[PDB]
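The chain below stands alone and is given as structure tokens, in the form deposited without the named molecule.
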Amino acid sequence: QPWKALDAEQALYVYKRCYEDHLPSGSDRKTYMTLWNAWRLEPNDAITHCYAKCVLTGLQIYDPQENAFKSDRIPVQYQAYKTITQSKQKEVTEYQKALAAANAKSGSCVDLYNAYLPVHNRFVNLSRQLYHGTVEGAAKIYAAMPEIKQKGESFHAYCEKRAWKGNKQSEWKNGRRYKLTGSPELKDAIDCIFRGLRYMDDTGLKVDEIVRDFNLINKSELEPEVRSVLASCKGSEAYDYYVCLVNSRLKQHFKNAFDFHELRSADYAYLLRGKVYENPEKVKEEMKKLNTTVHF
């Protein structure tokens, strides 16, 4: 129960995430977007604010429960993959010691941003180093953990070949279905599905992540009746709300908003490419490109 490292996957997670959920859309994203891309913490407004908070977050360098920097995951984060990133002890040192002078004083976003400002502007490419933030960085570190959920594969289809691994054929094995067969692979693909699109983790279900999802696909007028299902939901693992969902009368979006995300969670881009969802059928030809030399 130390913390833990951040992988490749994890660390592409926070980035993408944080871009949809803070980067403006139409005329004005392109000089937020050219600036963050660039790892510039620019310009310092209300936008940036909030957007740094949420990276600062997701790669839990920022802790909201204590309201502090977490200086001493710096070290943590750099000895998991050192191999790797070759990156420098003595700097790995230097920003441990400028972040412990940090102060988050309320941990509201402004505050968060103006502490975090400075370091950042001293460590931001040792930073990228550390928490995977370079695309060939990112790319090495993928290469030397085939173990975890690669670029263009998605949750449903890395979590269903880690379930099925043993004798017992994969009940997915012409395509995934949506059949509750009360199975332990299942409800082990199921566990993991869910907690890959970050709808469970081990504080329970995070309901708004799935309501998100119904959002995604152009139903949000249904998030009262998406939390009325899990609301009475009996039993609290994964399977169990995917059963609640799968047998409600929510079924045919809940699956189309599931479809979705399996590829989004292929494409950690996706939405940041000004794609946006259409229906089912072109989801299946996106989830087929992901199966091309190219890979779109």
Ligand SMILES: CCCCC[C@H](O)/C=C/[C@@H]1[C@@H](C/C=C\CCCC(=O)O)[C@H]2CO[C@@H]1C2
The other form holds:
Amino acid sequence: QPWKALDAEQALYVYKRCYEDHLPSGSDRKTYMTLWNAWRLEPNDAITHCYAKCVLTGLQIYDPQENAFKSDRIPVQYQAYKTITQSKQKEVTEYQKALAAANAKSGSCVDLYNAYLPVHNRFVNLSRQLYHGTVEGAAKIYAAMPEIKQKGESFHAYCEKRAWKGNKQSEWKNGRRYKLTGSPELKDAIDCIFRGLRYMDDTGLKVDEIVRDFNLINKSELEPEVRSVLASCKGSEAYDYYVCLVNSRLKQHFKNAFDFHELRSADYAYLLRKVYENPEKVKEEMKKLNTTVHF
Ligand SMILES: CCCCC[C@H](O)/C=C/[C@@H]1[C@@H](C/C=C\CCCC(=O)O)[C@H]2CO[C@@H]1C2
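And the form deposited with the named molecule bound, for comparison with the form deposited without the named molecule?
Time for the whole complex; same chain goes first.
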């Protein structure tokens, strides 16, 4: 419309969310992590199959609505960062062409894994350059693009810096709080944060993503209330939903969920090996990073 290439933060988000949703828990976690960290699509089982589908979908190599491998997106991804990656146009074309040969069949995890596997095995190194899948390569993207949220920087802090960039002091100068001012700066910060946390995107509200954050603080029983508060919220701007949550009977639980996601948004690896403890632990962890926490 046309398709927009993914930056280093967008790619890192895809990888970490797919780890969160597909890694097993307990003793088997490390086995899969070691292989996937090495960009090995192994072992050949349904855990890996659906992990692969997750990443292909998130990187938008596979489109679930068309049930199609989107070959022409590969050169777009390449072109957007070619002066940084130095990937070769010849290889990019070959990767594109290999994807054009791929048969998605039913679109199931295994069908996508089976189709993509030889393409992956042939073009793994190139794919890691194009889709910001190396530490060194991603670092070059961040260095060239200071307007991308960095590792170690929370979305709340990144967004604060862009919302209050004039003469007016940040409302969060002594630390972020939940004071509702309705200021244009606060509304901007909250839109930026809601988009960064994937609460909202170009298609609007994701009720399930806000619910996920309550589940992550062990408040699964609040799901119907979370849904009700969002549903009854008049207004469709990020700030409107934020006000609805903050002024509801969910207030403290929302603060805890949102603060935990602040931490997680600063450290995309947080959950990959660590679970929610309590609000005090979250605050201590945030002090180590570039966040909006009170010192
Ligand atoms: C279709 C799936 C192909 C395989 C993808 C692969 O398993 C990607 C793994 C990611 C890897 C990507 C590597 C480097 C990205 C930059 C990391 C950084 O800036 O510290 C590691 C981070 O997130 C997981 C962990």
